[PDB]
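With the hints as your guide, set chains B, C, D, E and F with the ligands onto chain A.
What follows is each chain in one-letter form.
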Amino acid sequence: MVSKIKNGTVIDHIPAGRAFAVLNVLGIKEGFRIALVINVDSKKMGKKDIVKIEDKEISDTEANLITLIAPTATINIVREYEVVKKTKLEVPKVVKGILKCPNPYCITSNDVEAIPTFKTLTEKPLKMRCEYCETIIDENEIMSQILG
Amino acid sequence: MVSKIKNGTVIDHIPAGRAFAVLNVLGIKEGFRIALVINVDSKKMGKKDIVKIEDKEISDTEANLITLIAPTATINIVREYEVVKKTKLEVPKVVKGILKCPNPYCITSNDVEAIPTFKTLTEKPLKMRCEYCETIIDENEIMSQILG
Amino acid sequence: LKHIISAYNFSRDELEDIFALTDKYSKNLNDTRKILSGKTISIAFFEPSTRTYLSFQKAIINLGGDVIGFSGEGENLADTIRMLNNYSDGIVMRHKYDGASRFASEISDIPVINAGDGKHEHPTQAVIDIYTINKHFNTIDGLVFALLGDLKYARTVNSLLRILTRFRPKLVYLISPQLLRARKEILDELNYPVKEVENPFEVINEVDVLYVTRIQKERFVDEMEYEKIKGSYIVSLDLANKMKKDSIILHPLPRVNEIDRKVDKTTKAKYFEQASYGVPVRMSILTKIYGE
Amino acid sequence: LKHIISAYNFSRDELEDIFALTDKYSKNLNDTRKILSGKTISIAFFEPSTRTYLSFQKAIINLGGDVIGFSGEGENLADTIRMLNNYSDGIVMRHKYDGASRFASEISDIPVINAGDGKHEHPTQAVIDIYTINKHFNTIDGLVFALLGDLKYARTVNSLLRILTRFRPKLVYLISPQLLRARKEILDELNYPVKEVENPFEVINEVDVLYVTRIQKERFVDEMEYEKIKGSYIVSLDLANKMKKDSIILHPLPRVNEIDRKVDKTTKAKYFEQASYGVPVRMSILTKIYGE
Amino acid sequence: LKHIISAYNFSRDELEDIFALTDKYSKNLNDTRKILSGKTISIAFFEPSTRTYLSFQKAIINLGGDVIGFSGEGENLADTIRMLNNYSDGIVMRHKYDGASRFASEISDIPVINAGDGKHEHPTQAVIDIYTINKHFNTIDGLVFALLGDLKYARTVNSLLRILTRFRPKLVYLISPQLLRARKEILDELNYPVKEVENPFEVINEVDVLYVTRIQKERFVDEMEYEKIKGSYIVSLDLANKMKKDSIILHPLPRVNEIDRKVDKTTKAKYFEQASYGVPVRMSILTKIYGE
Amino acid sequence: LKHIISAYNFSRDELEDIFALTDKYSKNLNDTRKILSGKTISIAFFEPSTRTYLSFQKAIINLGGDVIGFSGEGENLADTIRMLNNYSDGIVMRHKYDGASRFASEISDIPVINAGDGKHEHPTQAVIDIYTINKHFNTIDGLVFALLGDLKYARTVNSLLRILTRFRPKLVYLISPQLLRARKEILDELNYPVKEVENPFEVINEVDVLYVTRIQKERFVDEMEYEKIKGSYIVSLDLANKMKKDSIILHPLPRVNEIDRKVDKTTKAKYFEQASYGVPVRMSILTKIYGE
Ligand SMILES: [Zn+2]
Ligand SMILES: [Zn+2]
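Chains as they are written, first to last, in UniProt numbering: chain A, 11 to 39, 42 to 160; chain B, 11 to 39, 42 to 160; chain C, 1 to 73, 81 to 299; chain D, 1 to 73, 81 to 299; chain E, 1 to 73, 81 to 299; chain F, 1 to 73, 81 to 299.
The following block holds chain A by itself, in its conformation from the complex:
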């Protein structure tokens, strides 16, 4: 439903409603052009969102953060209207910043310079652990931190 991009990144197949959360997860919100469509038809998903970022080729690192909320998403890097890389998303090993620790006595929940960091413990059903206090979080806590 949106025009073709000369240079940059196309993130397709995001669950319907979660494009705004994908932008947050990438730190995006200045300079470059962005387009979104939300709730468009998808032959495999029912509905979906699509994000296009001109002039920025998203790294594999930034892209793997997208799996925390849009594990079905696909990422295409585009040069001169042509797709030059379809990136293979993996679960990230470490997540600094995006996720808070639910333990109010964790140093990361109290000192601004102490940035929250989770290391993935299992990919499988996804469990992640705070590197400061060892509190564990699951896919459900993950998703409701980010989709809020």
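I should point out that these hints are in silico values taken from the structure, not numbers from a laboratory. You may find that some hints are simply not true.
Claimed, not checked - Here are the computed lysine-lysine pairs in the PhoX-like style, where the Cα-Cα straight-line distance is at most 20 angstroms:
{"no.": "1", "chain 1": "F", "residue 1": "251", "chain 2": "C", "residue 2": "235"}
{"no.": "2", "chain 1": "B", "residue 1": "112", "chain 2": "F", "residue 2": "272"}
{"no.": "3", "chain 1": "B", "residue 1": "108", "chain 2": "D", "residue 2": "269"}
{"no.": "4", "chain 1": "E", "residue 1": "191", "chain 2": "A", "residue 2": "139"}
{"no.": "5", "chain 1": "B", "residue 1": "139", "chain 2": "A", "residue 2": "39"}
{"no.": "6", "chain 1": "B", "residue 1": "112", "chain 2": "F", "residue 2": "235"}
{"no.": "7", "chain 1": "D", "residue 1": "237", "chain 2": "D", "residue 2": "269"}
{"no.": "8", "chain 1": "E", "residue 1": "58", "chain 2": "E", "residue 2": "24"}
{"no.": "9", "chain 1": "F", "residue 1": "235", "chain 2": "B", "residue 2": "139"}
{"no.": "10", "chain 1": "B", "residue 1": "59", "chain 2": "A", "residue 2": "68"}
{"no.": "11", "chain 1": "F", "residue 1": "27", "chain 2": "F", "residue 2": "295"}
{"no.": "12", "chain 1": "D", "residue 1": "235", "chain 2": "A", "residue 2": "112"}
{"no.": "13", "chain 1": "B", "residue 1": "100", "chain 2": "B", "residue 2": "39"}
{"no.": "14", "chain 1": "F", "residue 1": "191", "chain 2": "E", "residue 2": "39"}
{"no.": "15", "chain 1": "A", "residue 1": "131", "chain 2": "E", "residue 2": "191"}
{"no.": "16", "chain 1": "D", "residue 1": "235", "chain 2": "E", "residue 2": "191"}
{"no.": "17", "chain 1": "F", "residue 1": "235", "chain 2": "C", "residue 2": "159"}
{"no.": "18", "chain 1": "B", "residue 1": "14", "chain 2": "A", "residue 2": "14"}
{"no.": "19", "chain 1": "F", "residue 1": "252", "chain 2": "F", "residue 2": "272"}
{"no.": "20", "chain 1": "F", "residue 1": "269", "chain 2": "A", "residue 2": "108"}
{"no.": "21", "chain 1": "F", "residue 1": "235", "chain 2": "C", "residue 2": "191"}
{"no.": "22", "chain 1": "C", "residue 1": "191", "chain 2": "B", "residue 2": "139"}
{"no.": "23", "chain 1": "B", "residue 1": "16", "chain 2": "A", "residue 2": "59"}
{"no.": "24", "chain 1": "D", "residue 1": "235", "chain 2": "E", "residue 2": "159"}
{"no.": "25", "chain 1": "D", "residue 1": "159", "chain 2": "D", "residue 2": "142"}
{"no.": "26", "chain 1": "F", "residue 1": "34", "chain 2": "C", "residue 2": "235"}
{"no.": "27", "chain 1": "D", "residue 1": "159", "chain 2": "C", "residue 2": "39"}
{"no.": "28", "chain 1": "C", "residue 1": "237", "chain 2": "C", "residue 2": "159"}
{"no.": "29", "chain 1": "B", "residue 1": "39", "chain 2": "A", "residue 2": "39"}
{"no.": "30", "chain 1": "B", "residue 1": "56", "chain 2": "B", "residue 2": "112"}
{"no.": "31", "chain 1": "C", "residue 1": "224", "chain 2": "F", "residue 2": "235"}
{"no.": "32", "chain 1": "E", "residue 1": "235", "chain 2": "D", "residue 2": "159"}
{"no.": "33", "chain 1": "A", "residue 1": "97", "chain 2": "A", "residue 2": "14"}
{"no.": "34", "chain 1": "C", "residue 1": "191", "chain 2": "B", "residue 2": "136"}
{"no.": "35", "chain 1": "E", "residue 1": "39", "chain 2": "F", "residue 2": "27"}
{"no.": "36", "chain 1": "A", "residue 1": "112", "chain 2": "E", "residue 2": "103"}
{"no.": "37", "chain 1": "B", "residue 1": "131", "chain 2": "C", "residue 2": "191"}
{"no.": "38", "chain 1": "E", "residue 1": "235", "chain 2": "D", "residue 2": "191"}
Okay, now just chains B, C, D, E and F with the ligands, sitting in the frame of chain A:
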């Protein structure tokens, strides 16, 4: 930079960066399709944002709230690919919900059922006044409540 | 009349009526019509004040009503208002948050009388003040007023300045330290002349009514600016003697030391009489809501 | 009826009677028989509650009684009970110690009405809850109930589970976190079926009456177990929409945030009406003690 | 060795070394090498503990260092760490927030020694405990342990369970009330066998080392569940007598009443000796950081 | 030099000397002359500050002195000064009352160093600030300064404005809200040009040194005037970017949020280095008193 809409609303000429704030101001964030472009070229503004809401014709009431942050915006209602109304934005008389009162002792800053309400006092340089406590706010306070 | 939340709820016509009923009720006969007979008024003083609690209580009893109420003390103002609506036929409330009464009055089906909300208003107190003034001079139009002390954070000043707009004051002197000045918002509402001034001895000789409010320490740059300024917004026996033969001094009580106690023996002291009209004035406001 | 200390003090016959008197008193005519005329009830709320104080006060006044009382604040419960016996014709008391009312009732010659003792009981609240239910469904027998939230330390749940034994509920779902489960002692008293469950969405579709109690932070292993669990014992707008067309949601007020405020606009919300029957129900209990 | 933030910072090799240095320093000769001569260690105990403050202080002095420090008391942990880096050559800190030392150690260039962070760890205490055990049995491999009391919120248990993974315990009995059980996260780290149990008399006869932690009231459903359970996680004189001839009882002091005082006269009581190795063990950890 | 109570105790000559000694002591060699060997300095911080306590402590130790002291807590300042005179060879004190150090210095035979008295002065902090400035620009004469934030009640501003009179600043911008302006008394002392201004973006482009002090809520008409003003006396990353290539930002630490933390990564941020000269500067002041 985005496709033509069969039925609904096109909000063009939003200051670059403020499309997300226009959606908040309209209460939008489910069912219907939306598209945005952010930071595209505008011949009169330098840069601009554009929002398209399928299947919803925005009222004059909802549209006048858009002037609080995008006074240059233009609103077109679309039926069957044709523009059937170019709405004339005015400054709203009353604003419930969108704006908080900066007085921490105002009943609206303390009781959840007590919804913040501002009546416009002058349009000209815009000043608005809390209907509960008479605290006055200016365009600057207005804009930094909403663009945050 | 129904909700009494602002001094703006009263017209000039309603006020002249309340004065006449106050005359009648003052002249404290044993045949007052019991317009609140079979009715329960609840007195909901989230922020306590015994003087004012007792004053509405006595008005309500003089008119034949039953009183329920509380004083002090995470339940929503809206839920409390709802409950009082099961229990009663009207509410008199006092609250720490500005606009509280306004908001209650919109939740509530029974009348709501604001007996103080935050620093915003106290309309019945303003009605009592103008009643006292009109009683003395047979008029409010044409008088020259001076308000002395804190004019920024005093809800009684706010209610008095607003109620005076239903009348034609010659002039209202605003006498305060720079810090305690009437806010811009409130001055732009007024439809009568006003002049800001720092020392009362400059114009005391001209004023029909001097209305004083306490300055509080707890409101200043430091304790030294307060100690330097406090002294000259007291009504001293000397400032009283420089006022005209027919003038009056008013204060919505209680007082601490903003009025020299020697003043209470002069004929110009009118704050005692002022507190004494509180009950008949509130009986009258109640009669206008329930008995007409 | 004389002392009302437990929900077990009521028979099924006495309850059907109280319901009929509540109908009559609700339909708030100006000819209610003043069965407490010349009587003084003292309201002795050692543990304060304004909502409930005012509610008994208003019942007692509607029936023609005088009210004395106190609220709050080393004097023995027995000595206080003795003194109220000089001063009054009955006592309504609220206390922090379990069994307090039971004990007062044994010291006292005048009736004693328990308006809350510790975490043990609040029987008049249970009478109000079943009155609301029977009013809606023309029955209590045959209904399917679910109690949601804290079921261990809530005296209203204890009184509701006990009073329901005078009736024939189809089934009572007990929905709580593991920590806040109904105590063994109380479950062995019951004469009707019950089933423990952790998530309300499992059975919401079946329930005629959903009765909710607040979970408090101040009651948990740590703040993290509370933050993990709190979310799913709220009555959300979504949990309301999955209930049957004819079902009702009940809560003995006040509330903080255990009920989404959007729910108050649905037809299934019945907690407002529930608080509104408090006075006629207590008038009826009082009529059964003093006027028969 | 550099930062000592977790018991995982130590290898089995580093621990055997620290034990040998502790032997040497214990045998308290007047020729100890002053490896901290000319160095200043700051002791930053944001959360106070005099016992532990004094213990690091004395270690640092025995090695020739100067001590600066504070105890107690909106400044960022990061800013304080920065400042101590101007003032000193290493930091020993105690803090109420989990992970605090970890975070300091990443801001800081000088070494940081965790002397307690929140409920997370206290690694030097664990080193002292295993030193005491290895001193007694000439081994840690092959022993059968039992940890008794609170195993959920005790940082010393957490540090002891983690440090034991550098060794081969035969078995670690976890003996607690249901409420105070070791967390899942910590049990999945371990590489040795463990078994949960509610009563210590079931297996006391088997255990080489009994390590006890206080249960606190301030941590329970209600005071009645605590009063019912408290009694059977005390080390009583009778539970001591049922232990093997060669076994030891350990407790990281202070104690209140989780150990019968009559036990301090038996040969199995080893908590006094345990506190007495604190200084040489910390001297050794300091020697491994600064003197090698 | 003997007593250091005011920034006026220093001449331009003494300051150039202290700078040279600070260079030498900074370059932190292991041969510093122990001028305080055999001497005891007492640190008497009636009003606590750990940062500053530790800083004088470390200076005194680096010079070979012993330290005694206290921190906090009806005994006369004069009696305490007398006692410290039995116990010690000099005193560094911090007190809540203006003039306290001046007065101690007159009771006392040993030197007295003011490390903060009330809102009056902190002279060693001013010496540290000018040391940092002169280190960066090889001069203090000719610079254009701006002081930003609270300039009325900040003793560091008072000491910096006074010490700058031993030099020739081109111009000192005073940037504060109207409320927090430098007092008249202090401005009449100065012998260099100064200009008052409300917004820093008006002149940021001109300034060699920006020295910021916190604005505190606890100091305002109401919380709304503070919330309206607070935002524009922060050193934001944007205000930093509009300063000249060679300029520096200074702040006598600790900070809360008057400096955007992103600023600490720019080359213009100099507050970290500033706190780091504290010890050698105080060593130098001590060397001028005891070692010459
Ligand atoms: Zn954590
Ligand atoms: Zn307001």
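Tested hints:
1. 251(F) with 235(C): violated (44 angstroms)
2. 112(B) with 272(F): Violated, at roughly 35 angstroms.
3. 108(B) with 269(D): holds (17 angstroms)
4. 191(E) with 139(A): It holds: about 13 angstroms lies between the C-alpha atoms, which stays within 20 angstroms.
5. 139(B) with 39(A): Judged against 20 angstroms, a Cα distance of about 29 angstroms means the pair is violated.
6. 112(B) with 235(F): holds (14 angstroms)
7. 237(D) with 269(D): It holds: about 18 angstroms lies between the C-alpha atoms, which stays within 20 angstroms.
8. 58(E) with 24(E): holds (16 angstroms)
9. 235(F) with 139(B): At roughly 16 angstroms apart (the allowed maximum being 20 angstroms), residue 139(B) and residue 235(F) satisfy the hint.
10. 59(B) with 68(A): Cα-Cα ~18 angstroms, so holds.
11. 27(F) with 295(F): holds (18 angstroms)
12. 235(D) with 112(A): It holds: about 14 angstroms lies between the C-alpha atoms, which stays within 20 angstroms.
13. 100(B) with 39(B): Violated - the C-alpha atoms of residue 39(B) and residue 100(B) are around 25 angstroms apart, more than 20 angstroms.
14. 191(F) with 39(E): Violated: residue 191(F) and residue 39(E) sit about 48 angstroms apart, past 20 angstroms.
15. 131(A) with 191(E): Distance ~17 angstroms between residue 131(A) and residue 191(E) Cα, so the pair holds.
16. 235(D) with 191(E): holds (16 angstroms)
17. 235(F) with 159(C): holds (18 angstroms)
18. 14(B) with 14(A): Cα-Cα ~14 angstroms, so holds.
19. 252(F) with 272(F): holds (15 angstroms)
20. 269(F) with 108(A): holds (17 angstroms)
21. 235(F) with 191(C): holds (16 angstroms)
22. 191(C) with 139(B): holds (13 angstroms)
23. 16(B) with 59(A): Given that 20 angstroms is the threshold and the Cα spacing comes to 19 angstroms, the pair holds.
24. 235(D) with 159(E): Roughly 18 angstroms between the alpha carbons, so the hint for residue 235(D) and residue 159(E) holds.
25. 159(D) with 142(D): violated (28 angstroms)
26. 34(F) with 235(C): violated (52 angstroms)
27. 159(D) with 39(C): violated (41 angstroms)
28. 237(C) with 159(C): holds (16 angstroms)
29. 39(B) with 39(A): holds (17 angstroms)
30. 56(B) with 112(B): The given pair, whose Cα atoms are some 33 angstroms apart, is violated under the 20 angstroms limit.
31. 224(C) with 235(F): violated (23 angstroms)
32. 235(E) with 159(D): holds (18 angstroms)
33. 97(A) with 14(A): Roughly 16 angstroms separates the two Cα atoms, so the pair holds.
34. 191(C) with 136(B): Given pair residue 191(C), residue 136(B) holds - Cα atoms ~18 angstroms apart, limit 20 angstroms.
35. 39(E) with 27(F): Holds, at roughly 16 angstroms.
36. 112(A) with 103(E): holds (19 angstroms)
37. 131(B) with 191(C): holds (17 angstroms)
38. 235(E) with 191(D): Judged against 20 angstroms, a Cα distance of about 16 angstroms means the pair holds.
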